[PDB]
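S.K.: One letter stands for each residue in the lines below.
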Amino acid sequence: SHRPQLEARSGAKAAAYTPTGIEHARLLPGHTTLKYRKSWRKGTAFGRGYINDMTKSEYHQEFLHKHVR
Amino acid sequence: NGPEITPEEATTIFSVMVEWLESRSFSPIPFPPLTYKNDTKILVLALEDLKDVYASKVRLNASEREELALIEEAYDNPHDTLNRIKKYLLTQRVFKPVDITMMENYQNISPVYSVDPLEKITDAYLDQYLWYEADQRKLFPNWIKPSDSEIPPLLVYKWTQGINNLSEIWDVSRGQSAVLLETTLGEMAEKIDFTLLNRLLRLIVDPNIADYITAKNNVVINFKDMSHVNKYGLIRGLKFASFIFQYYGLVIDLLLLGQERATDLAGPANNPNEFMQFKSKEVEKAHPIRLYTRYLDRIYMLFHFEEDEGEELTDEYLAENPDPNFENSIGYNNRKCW
Amino acid sequence: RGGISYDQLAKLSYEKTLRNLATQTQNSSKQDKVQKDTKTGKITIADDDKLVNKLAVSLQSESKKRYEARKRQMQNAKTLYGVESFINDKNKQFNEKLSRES
Amino acid sequence: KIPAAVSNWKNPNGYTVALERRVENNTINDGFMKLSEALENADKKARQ
Amino acid sequence: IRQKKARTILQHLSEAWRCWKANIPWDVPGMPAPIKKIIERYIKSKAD
Amino acid sequence: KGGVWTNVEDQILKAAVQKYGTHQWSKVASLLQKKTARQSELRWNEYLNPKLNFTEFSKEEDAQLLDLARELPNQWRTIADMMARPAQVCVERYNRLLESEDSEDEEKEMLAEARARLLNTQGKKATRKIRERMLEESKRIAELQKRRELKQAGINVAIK
RNA sequence: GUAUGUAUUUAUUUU
RNA sequence: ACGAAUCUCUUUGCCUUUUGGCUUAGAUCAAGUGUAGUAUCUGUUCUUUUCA
RNA sequence: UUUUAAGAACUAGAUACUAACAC
RNA sequence: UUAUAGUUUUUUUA
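In the order they appear, the protein sequences are chains A, B, C, D, E and F. So the first sequence is residues 4 to 41, 126 to 135, 155 to 175, counted in the entry's author numbering. For the entry's author numbering, count along the second sequence from 1 and bump the result up by 869. So the third sequence is residues 92 to 123, 142 to 211, counted in the entry's author numbering. So the fourth sequence is residues 164 to 186, 193 to 217, counted in the entry's author numbering. For the entry's author numbering, count along the fifth sequence from 1 and bump the result up by 773. So the sixth sequence is residues 9 to 111, 145 to 201, counted in the entry's author numbering.
Among the hints, a few may not be true.
Unchecked claim - Straight-line C-alpha distance at most 25 Å; calculated PhoX-like pairs for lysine-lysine: (1) B/1205 - A/172; (2) D/173 - F/170; (3) A/162 - B/1093; (4) F/42 - F/22; (5) C/159 - C/121; (6) D/173 - F/9; (7) B/1093 - D/173; (8) B/965 - B/1060; (9) F/42 - B/989; (10) B/1014 - B/1060; (11) E/817 - D/173; (12) B/1027 - B/1014; (13) D/203 - D/213; (14) B/989 - B/1100; (15) E/809 - C/201; (16) F/59 - B/1093; (17) D/173 - F/35; (18) D/164 - E/778; (19) C/159 - C/174; (20) C/107 - C/121; (21) E/778 - E/809; (22) F/9 - F/43; (23) E/817 - D/214; (24) B/965 - F/43.
To be verified - Selected chain D positions facing chain F (in silico; Cβ < 10 Å): (25) 169; (26) 171; (27) 172; (28) 173; (29) 176; (30) 178; (31) 179; (32) 181; (33) 182; (34) 183; (35) 206; (36) 215.
Bear in mind the hints are in silico, worked out from the structure with no lab data behind them. No residue lacks a Cβ here, since even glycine has one placed at the ideal position from N, Cα and C.
Construct the entire structure; sequences and hints are all you get.
M.R.: Here it is as structure tokens:
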């Protein structure tokens, strides 16, 4: 008994109802009026855009190359 | 995309380790022999090492209980088990999966592997056995030191005493300079490449045991549903995954030094130095490189320079990276604490 | 081959009940208005009480024969196939839908 | 035609299913072949 | 043809997603190409 | 403690997988006694699962084999997939390929347990409903033959 | 250790 | 001869009681003890029919 | 017009689920 | 073991 909804409640079922009279909070009058417009170094062994995707991205692979570590 | 190293680099590296070793005149390890003089001792150690995970616990879960069984018998029947293992290494190449679960730092994360108990017990024996035979035969030279003799802060200390009390660094009379590198190896293991390994281990260890390792890595990895063979990099939670790790970095090192300067640091195998030692001051001064110390990842190096050599470098560098900007001081980084 | 559009099908059934209706009428030869209300907009048609009952009875017997095709189809279909695992009825049903697939 | 769901994880009525509704191409890159055989060459040189 | 075909295709939706978690490459053996496009589209959307 | 695999418990498994699907194993080791998650799924993926390839060699598979396994020193599960052949079998038939070189009681009671378990799909709530509803029907029948026997006395008592 | 749910008709509705 | 109709069966088409959500696979998955209510698993021994 | 259960008696308990009941 | 006891991540030493 979990069912995925297939629907939504038509406003009409509400619309027929009679009112309440409760007053909520956010309806207190505010913004009450509008506005208008007018040598050694040789020793060592060696002789001398935006890619639309995510887990292949450059950033994201940096990030996860930091944090999960 | 195939193997990255290219065969070229491969050959160069291997040859390096080779002339090191033969020049170093080192005898490789034999597989643990059937008649061994030390053996049950070593197994004493490893098993206590597993024991200690569970010393504290009160609730013991299923795999655990499985373990304590496997242990208790292992105490009881040392010649039994020793035979069981030496069998296992001589043969078995295929292994149960492995389990990652990541553990949290609230800032970063770290992988926590889990092996499977028999595989563990073998390993721990072999881990222990490696370190003992190696350090017995003085594999690693001084300068590789997350080592025995020095707990970390003491390592800092003798590293200072190294810095200073070597001859002369503080005479600025001319232009004279000295420069430390602080580094990481980036990914280090996660590029460790088996086919390279199993060879480089054919150097220092019997073809079998090494085989047991290279074939000891690849496993499935089950994180819950997600699962994949591990074909390439390195799983460190393997009991021995320390050792080879150090090993591999040695290869890095014999590069960064290059043969000679290493031969400074080691001296003969007959007279390997203490940490900070040389023979004459010149042994320091035969080269710009004075200290080299590599701790796990971080590499730490000390160059001693005079305007001659150093301005010949900045001749190289500058020559190839002229900056009329003079902005090379922007991204450059030093400490925010001081 | 195949699937028939819901159009052509409705036509074909129209033909079948055509010819069936024809066996009604003709077989009834073998075995042998519109008024409107000026007062209100209602219309009044006069029909025989005959042929209304043949109509209804025909409908009922159709519902019967179809109902019985479906029922006998239950019996046979659920007795026959013995292969796939079945926990309950609906495993046999659905699972035979997965057999209907390929 | 849309196939019918057989989902490795949930089985919300308990229905049972023939396994295969529940349940590579390339080879290697010869970079390998060259790698191991080059390692091999330098190897046998060295031992010699 | 809607109701059953629809809902069951959604079951393919979810199954597709929790594939993409587990990394399952998710090739349903055969299935209309465009619908499969839709699934890829959305699962990208929810993915990001 | 050391076990081996009867085709009894093996069959109970393949039935279980044939219901719960692969990745729910912690249930598949419930029916199955004697065994664990990793044990179950270990033998499953490594052996039992039919999609694996069990067959002989071929010279494709063979020259293929000595090729790959010679190139890659030991990596078996990699090479395995390279053969599309099961791991330890490729290992085995390999070693043989170089070996041509030479010089019913309480198990019937557990099967009663699982065989009884699979057959109820609902969960505690639905069963609870089955009961409650039948109990309602007993209430109806009772209250009826109440009224029936009261009609056999002729006194007619109306229903609530 | 509990939420939660269910029934609790006494005072005669015309043959 | 074939036109028409009833019944029966086979095939095809249409699927008829034919998987109804999400989050970290939602998380977790074994070590106990005595007695007691109730479910059920097996053996043995005997006998193969009708009327008011 | 439908139908037919092998029948009867004897026996112990093992694995069981659970218990605001006994460290 | 008591004046309880589903969510309040249930369980470790110097």
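S.K.: Next, verify each hint and record whether it holds.
M.R.: Now the hints, each set against the structure:
1. B/1205 - A/172: holds, 20 Å
2. D/173 - F/170: Holds: residue 173 of chain D and residue 170 of chain F sit about 23 Å apart, inside 25 Å.
3. A/162 - B/1093: holds, 23 Å
4. F/42 - F/22: holds, 16 Å
5. C/159 - C/121: Holds: residue 159 of chain C and residue 121 of chain C sit about 17 Å apart, inside 25 Å.
6. D/173 - F/9: violated, 33 Å
7. B/1093 - D/173: holds, 15 Å
8. B/965 - B/1060: Holds. Residue 965 of chain B to residue 1060 of chain B sits at ~23 Å (cutoff 25 Å).
9. F/42 - B/989: Given that 25 Å is the threshold and the Cα spacing comes to 23 Å, the pair holds.
10. B/1014 - B/1060: Holds, because 22 Å separates the two Cα atoms, which is no more than 25 Å.
11. E/817 - D/173: holds, 23 Å
12. B/1027 - B/1014: Holds: residue 1027 of chain B and residue 1014 of chain B sit about 12 Å apart, inside 25 Å.
13. D/203 - D/213: Roughly 15 Å between the alpha carbons, so the hint for residue 203 of chain D and residue 213 of chain D holds.
14. B/989 - B/1100: With a Cα-Cα distance of about 20 Å, the restraint between residue 989 of chain B and residue 1100 of chain B holds, given a limit of 25 Å.
15. E/809 - C/201: Measuring from Cα to Cα gives roughly 29 Å; hence the hint is violated.
16. F/59 - B/1093: holds, 21 Å
17. D/173 - F/35: holds, 12 Å
18. D/164 - E/778: holds, 9 Å
19. C/159 - C/174: holds, 23 Å
20. C/107 - C/121: With a Cα-Cα distance of about 20 Å, the restraint between residue 107 of chain C and residue 121 of chain C holds, given a limit of 25 Å.
21. E/778 - E/809: Holds, because 14 Å separates the two Cα atoms, which is no more than 25 Å.
22. F/9 - F/43: It holds: about 10 Å lies between the C-alpha atoms, which stays within 25 Å.
23. E/817 - D/214: Violated, at about 54 Å.
24. B/965 - F/43: holds, 16 Å
25. 169: Interface hint status for residue 169 of chain D: holds (9 Å vs cutoff 10 Å).
26. 171: Holds: closest Cβ of chain F sits about 5 Å from residue 171 of chain D, inside 10 Å.
27. 172: With Cβ-Cβ at 6 Å, under 10 Å, it holds.
28. 173: Holds: closest Cβ of chain F sits about 8 Å from residue 173 of chain D, inside 10 Å.
29. 176: holds, 6 Å
30. 178: holds, 8 Å
31. 179: For residue 179 of chain D, the interface hint holds, since the closest Cβ of chain F sits about 5 Å away, which is under 10 Å.
32. 181: Holds: closest Cβ of chain F sits about 8 Å from residue 181 of chain D, inside 10 Å.
33. 182: Hint on residue 182 of chain D: holds, closest Cβ of chain F at ~6 Å, below 10 Å.
34. 183: holds, 7 Å
35. 206: Given a least distance of 8 Å, the restraint on residue 206 of chain D holds.
36. 215: violated, 17 Å
The structure shown violates the earlier hints numbered 6, 15, 23, 36.
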